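Starting off, we have a lone chain in the form solved without this ligand, written out as structure tokens.
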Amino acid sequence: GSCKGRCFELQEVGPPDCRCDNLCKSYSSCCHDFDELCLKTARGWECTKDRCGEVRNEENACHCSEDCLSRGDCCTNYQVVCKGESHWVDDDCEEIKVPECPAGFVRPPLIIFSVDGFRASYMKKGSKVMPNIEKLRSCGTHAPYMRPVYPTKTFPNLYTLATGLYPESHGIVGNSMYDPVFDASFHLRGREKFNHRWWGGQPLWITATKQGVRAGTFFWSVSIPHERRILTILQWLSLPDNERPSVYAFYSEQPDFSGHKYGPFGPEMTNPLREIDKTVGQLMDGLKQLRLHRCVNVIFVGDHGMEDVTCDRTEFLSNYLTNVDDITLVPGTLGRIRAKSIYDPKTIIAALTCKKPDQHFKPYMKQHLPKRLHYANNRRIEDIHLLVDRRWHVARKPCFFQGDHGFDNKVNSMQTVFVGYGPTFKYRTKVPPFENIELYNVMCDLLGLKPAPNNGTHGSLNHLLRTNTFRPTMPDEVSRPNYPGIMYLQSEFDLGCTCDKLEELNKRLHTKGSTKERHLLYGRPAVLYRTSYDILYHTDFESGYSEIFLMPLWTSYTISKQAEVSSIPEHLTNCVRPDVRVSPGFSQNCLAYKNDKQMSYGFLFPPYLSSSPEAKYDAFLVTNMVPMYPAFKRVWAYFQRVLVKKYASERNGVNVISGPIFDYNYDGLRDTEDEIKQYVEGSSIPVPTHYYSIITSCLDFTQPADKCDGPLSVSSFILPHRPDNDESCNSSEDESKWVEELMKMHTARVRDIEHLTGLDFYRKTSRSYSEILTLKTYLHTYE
């Protein structure tokens, strides 16, 4: 019943026996002498010359005795003060070409140093405030910033780090949440969070244990001082070979706590950052004492940033809703709304939509949230969501705090940090910003583990690593296209469409020709599911036409910097032409659109960008038509007539691939036919939930998009196909005052589109597949 000989033991005792491990305090289950024997404070955390060679006194917090390495309970500066060695931070960086590990070590250990609320810009504070951190950052591998997951709160992000999964998939969708199947709520405070029922996926410590690799206890009771957490890691690293973990985690509550109290750019922030640096320095000195400083891979990572947020920037729901007693709100930097008793969700949303000119939040049904957030597919996510403006809070009803976080994960102030240091990371290497869902694959690689299935894209971070355990391979195409000829005659169609000579004298009409070379610059997308579709070629564009969904899965075209924009002449406004290459039965019909009072149609390739009046007639083929709400046509037509040409002008030409997305179950994945819940009336033409475009050009803008030697540059979006423009509060103005702002909100990665369509892009380029995976994970943020 005593913690003697057992402090911070790895085996977990009881219930009910008294525990002496990392978490015993959190359960209020430690042995009576835990706080006495294990949380020793006497004489602080640094050796002084007068202690060198002292007799071991057990009440000392750390030791300067000659027996202190045999336990690894020496103070971390022991050798510096007593044996003439130097501080890790004062040593020159020297490349670590191979792991330099001592006797007994069969792989490089991994230590994860997680710092709560460490904003990316704090790194700009430099080596006068954070000398140890700046050394890790400059000698190792680092990104200018790492993007967290939404919501940008600690539990969702630390668990995403651990699992490689979006919160919707791992289950930790908030710091607070209610589960209607358990009928219970989870909170930062209390016991409920300790119940395994809440935690899904497979976190790294479980992946490791399952594959025979020992993991240290990642979690730390808040009562354990940071210095004792470092000393405990060093103690574990000193254990025999058959008991020593290979992976460890340190967690610090700072700089988050001071960020909340003083704001991100308060002068008070410098002290907490100095203290974090000290802790890193203690870890590095400690490793160096154990001859592990050129053997361990260290990951210094944050979970989210911090924004300026004060009391008097609070919107209150009682100022919008007359029935605020009927609802339960999860409040703050995001809002989630539920009924108090299992109120009407459609009236709640309408009552919160564009009611005040400076309104600092926007309501969404969860399925209408931007797809890049991946924040819908979980019963813990309430149907009603408030996306709150940066710098603001939302509360239910009507200063000690100056900072908060939780906002949209593309907001600048929410970005966090990443540095990788050690033999397996690259040397003095800067890498592009990347998302925190990508690290679990890399941590697995670093430990020799096979990752469990996750939302990372394995290989998209190979460029962080000196030597890679994993080489990606491009997936095999599942469906092979048909390339149908001009088989059928005009008179065989009656699709109910109308139109209003030279195409009879063109024998080579709709043949491959030079269409593939100029309009598919990166190869045909591959179709990764079973379906039947047709490649269709035209002077100005190429498309993959689905005989099942009666529309293209994709439409590809290139527009040069010098492309002319033209009008749809009035004699062609209502023109729709039957496609002589596709059968009537696998074609859309115009009558269904005339029968459907809510629904109109648009075109994937824009008639506005035709290369000639002759070629413009191709844009009106029934195989280029897609169902579109009139409200959405305002957005689409502006995109196609104005913004594509702008992008072409700014980027030295662009290649565009556009198409429909069906995601009626909001799982982020391509719907099967059975899952499509809306069709054009009286018809079998499915209604898309979204429309995507992927806009590619040369990263070197001095080369045109069709003559690009090197790295590519991409921006993409996934626009919600909505029958109104209630999302955009300025929509009653000219499209130039609101459409582009809409599209920027709905920016997306190419990977997001691949999941939602079952397509694989960029299969024929001069780049390596690893480089391509990096491109596919890129998000253009507009921040």
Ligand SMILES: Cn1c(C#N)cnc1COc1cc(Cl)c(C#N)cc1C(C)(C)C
Second form
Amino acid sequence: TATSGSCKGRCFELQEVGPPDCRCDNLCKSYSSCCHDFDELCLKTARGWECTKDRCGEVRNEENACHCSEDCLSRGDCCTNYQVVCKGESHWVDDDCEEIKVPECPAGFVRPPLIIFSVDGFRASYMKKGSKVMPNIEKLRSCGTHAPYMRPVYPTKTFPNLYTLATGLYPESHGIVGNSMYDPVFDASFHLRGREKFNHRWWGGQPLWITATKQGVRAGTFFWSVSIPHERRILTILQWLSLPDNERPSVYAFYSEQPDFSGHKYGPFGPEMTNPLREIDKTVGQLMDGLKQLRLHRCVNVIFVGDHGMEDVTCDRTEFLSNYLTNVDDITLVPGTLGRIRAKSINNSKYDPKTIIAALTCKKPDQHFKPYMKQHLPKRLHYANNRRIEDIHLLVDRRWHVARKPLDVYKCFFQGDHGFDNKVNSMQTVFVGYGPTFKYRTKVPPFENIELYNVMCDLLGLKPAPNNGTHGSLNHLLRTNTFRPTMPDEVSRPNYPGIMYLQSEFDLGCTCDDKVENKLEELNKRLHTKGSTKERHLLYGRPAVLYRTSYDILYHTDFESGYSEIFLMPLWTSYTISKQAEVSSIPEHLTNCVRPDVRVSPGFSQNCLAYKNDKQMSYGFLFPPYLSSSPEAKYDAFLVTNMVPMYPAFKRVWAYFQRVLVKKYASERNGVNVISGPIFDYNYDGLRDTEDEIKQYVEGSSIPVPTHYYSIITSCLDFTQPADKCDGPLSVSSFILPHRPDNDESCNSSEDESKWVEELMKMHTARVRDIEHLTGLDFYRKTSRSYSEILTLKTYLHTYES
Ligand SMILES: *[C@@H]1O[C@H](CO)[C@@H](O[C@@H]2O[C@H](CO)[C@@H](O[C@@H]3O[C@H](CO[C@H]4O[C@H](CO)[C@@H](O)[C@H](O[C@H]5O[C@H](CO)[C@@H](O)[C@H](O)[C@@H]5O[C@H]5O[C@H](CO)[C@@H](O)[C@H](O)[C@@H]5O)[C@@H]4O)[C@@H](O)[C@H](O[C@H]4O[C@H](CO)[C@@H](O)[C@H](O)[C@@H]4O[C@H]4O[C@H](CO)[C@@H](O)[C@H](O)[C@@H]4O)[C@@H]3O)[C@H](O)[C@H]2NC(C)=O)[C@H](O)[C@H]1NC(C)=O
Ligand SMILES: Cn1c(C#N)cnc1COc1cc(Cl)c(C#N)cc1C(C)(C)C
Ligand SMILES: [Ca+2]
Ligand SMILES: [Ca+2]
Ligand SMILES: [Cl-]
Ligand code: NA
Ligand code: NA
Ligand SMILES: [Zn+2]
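Based on the form solved without this ligand presented above, generate the structure block for the form solved in complex with this ligand.
Below: every chain and molecule of the assembly, starting with the one above.
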């Protein structure tokens, strides 16, 4: 760096200059490459940040941090309180809220600017609890559009979340999978301290600033050097906004290190937290007074957003791997509010992950972490498909830490931390949108930060890069510039087989003990098999298969299914259980009954003999025999086309769901509609496997083994209407349960299922959209609701927090 070129005329230049020409953009500080006079010219502080009566009308003096002279507004560099102090205008916070129906912008603005105001560690409940000391923020919140909270991504750390906001991507796709990382392809490490984090190969996807630039829209800086004071960041944004039309950016970011920085020292609600909240609110007032001075306060869209919350954690709530493993120096742990384990050295072939897992599993009765192979983590976390994520993972209980040994923690500092499971209440953060493009005085439901990239693109007239948002699911935040998606086109149309095979054509090894014989009830069973009850059981139309495959629709009195001829089982099975329905047992004449389905050939069917031979694998049913409507209909549940492969350990789970919980939910929700099926994700990418990806079959057959079993449980949001006769919006909960040959995940599993199955199921709660990615199906195709509303429903996650 030839650091005696000047920064005069160039302070906070938007375009970078190449070495050895010295840099005046921020970042120069983080690369130790600013011109000599950067601090003198670009970080002025003389006289501070506010006009006072004496300074009014002063003679411009270029030394001052900001100006109170007559020319300041045309120059764009007044102190933010200049009109208040010198011109008897009011602060923005003191003005009544007035609806912003249309952008009210100076001439030459082609679109409303967007300012992203990101606040580190701003936990959701600060909006209520800190309301009395945050008047600027409360005005934004109550006059704009807000959610009660915003769900971050896992892990609930800073870079992963801010880079998710910027990209629309899950950490596993963008690459920033933690605040610290090892990449084995690069054989390189990423850390908070230092300079390797600045290398571009860490940062995948396409962040907003590049999407903007590629499409002709200019962007301010996103990263601010920590030494640049907040008042200077604000003033710099206001200055940029005064630029001429061909130079002026349309998108800006402000970042605050608070309240996170104090939160770590004092805890989320320590009495010392009041002042950091006051100071953030002041900064917001500065921006808004600044915008008002420039006539931009009814022209800009402002997004007030956090990265994550903050929880109470102290040194004494640390679990030590040294209390579990005697081999502790054979491993490297990424420690803290999550754990990631790999081998200390890759030439130590002694190392065995399964013995590590086994040594970490349910060893102390209150153990405050749980070990997982990463493919076995809750699919809702989307935290597996990246080489930077170690195969072994520890999910840590809220309020706790994990470390390798006690010398790591005592060689106490802190009272707050974050990083936990992203459904945890303390990790939730905030969203407020304010401006012409946002709605007025509107509350919207909680949503995930992965959704914002699409909105930010909508706000700016950009086409979003491919991302994990569901574009349109946040249209209800927006006054206009909505994105109007169409439903994906069905790729494969189903077959509707009739009766084509005789009983004796099947050699299955299946006994069913069922021979016992009317003409009233013959046309009656015929019409059920042709789809007469189908409107009762298929409430929202059939799911659409979005890939090329061969399948059949099979109708029955109590349930309807799309049966895959390639996978030899259903892709989905749909049934409705009313509030009035009764549970019955499986009779004795039918316990090991499996019956041929005479609509589907022997060659596209499963067989019992494969199950008998497979000593690890048994079978269950997608439509549960327990809930059949009549003894005649119960025969249908024993069709071989309703059977699926299940480990006996998983059958404990599945039986309890089918026998107890479904009926419970129908009572609580006034009927439910259920869609259940299998999921195959052997490469843990969150997407449906092709047949050639499947790693496990039922011994000696072509029957593929699911990695997971899903269910989607839909009812009427107004629960006074029964599920099958609902006029308005819907209510959904779903899960994606791991199909595991043991219940090691559930420490209490030796007890009766009412003590542990429901807990397992809540941990594996899912969005409908997660199931779609995993199955290639598109649900809710025929409802009376608008498509955007259905998109919102598909992104809903039932979290089971209070
Ligand atoms: C969330 O949303 C995202 C974004 O939409 C979804 O991720 C996409 O998933 C797609 C489907 O899996 C995937 O498409 C593949 O792309 C390959 C080309 O990828 C490069 O170019 C793109 C475009 O600029 C870029 O986005 C990619 O960036 C990744 O890679 C770099 C470094 O590796 C990272 O810095 C970056 O973070 C990102 O990493 C992530 O993605 C990769 C996978 O691409 C993961 O491995 C990482 O862990 C991380 O998650 C790339 O720079 C392309 O090569 C693929 O094509 C194969 O597939 C078919 C097979 O029939 C064939 O037509 C092709 O020829 C090719 O097959 C051949 O190669 C095979 C593999 O080498 C080989 O086995 C065969 O034998 C064949 O010869 C494929 O099209 C797309 O890249 C990602 N995009 C991103 C940003 O992640 C994600 O799925 C969503 N999640 C959910 C749950 O919905
Ligand atoms: C985290 N941090 C530090 C530190 N330490 C200094 N400045 C920042 C803000 O960066 C951001 C701010 C926003 Cl608002 C968005 C978004 N969207 C994205 C970023 C990244 C991180 C550049 C990706
Ligand atoms: Ca943070
Ligand atoms: Ca897959
Ligand atoms: Cl981390
Ligand atoms: Na068996
Ligand atoms: Na167990
Ligand atoms: Zn922090």
